[PDB]
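What you see is part of a larger complex, with each chain still in position.
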Amino acid sequence: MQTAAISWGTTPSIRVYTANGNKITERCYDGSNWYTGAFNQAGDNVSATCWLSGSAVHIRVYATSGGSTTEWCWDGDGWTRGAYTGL
Amino acid sequence: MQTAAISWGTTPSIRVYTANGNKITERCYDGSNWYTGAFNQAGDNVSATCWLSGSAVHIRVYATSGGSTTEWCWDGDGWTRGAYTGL
């Protein structure tokens, strides 16, 4: 079991990603309760980074499964698969 | 032996958390010597994130101890337990 954490704004919002048994899930905080995010993909290791473009949040999640890393992107309209490739 | 690293401010300040043999400890840099920080909690895995608000720094450290993630909060007066819960 392995986690990644990011945050933004002043509230703040927090996202914590968890790799456990080859699935990555997301728990979210935006100032009230912790809830379950829409992020649900394969991998046994995860890292993440985020940035604001004005008020809009952008997140990149790096999900590693079987020796390969997939980038997942949030840009205000669901999780999309990104262009990242490895060595 | 696993690390998480965070930073803030113009200096910057840096914090590096290490999980080594089920304990998580902290080394700190504020613009001069590294020193050992107040953080000491149980875990084999650590992730962390931080933000500023009105010139004060807030840190959330996520400590995992087998099947369970525990949030630790720094808000300027000691490490307190946070509301984070997993899936």
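Here the chain labels run A and B in written order, and each chain numbers its own residues starting at 1.
Note that contacts are C-beta pairs under 8 Å (C-beta built on N, C-alpha and C of every residue); 3 or more make two chains touch, one makes a residue touch a chain.
Asker: Looking at 2 placed copies, how big is the full complex in copies?
Answerer: The complex in this structure file totals 3 copies.
Note that only the chains that are shown with their structure count from here on.
Asker: If you fit chain A onto chain B using the CA atoms, what's the rotation angle, as a multiple of 5 degrees?
Answerer: 120
Asker: Provide the C-alpha centroid distance between chain A and chain B, rounded to the nearest whole angstrom.
Answerer: So the centroids are 19 Å from each other.
Asker: Write out the stretch or stretches of chain B touching chain A in their complex.
Answerer: Per the touch definition, chain B meets chain A at residues 4, 45, 47-51, 53, 58, 60, 62, 64, 66-69, 83-87.
Asker: Which residues of chain A touch chain B in their complex?
Answerer: So the residues of chain A touching chain B come out as 1-10, 12, 14, 16, 18, 20, 25, 27, 29, 34, 36.
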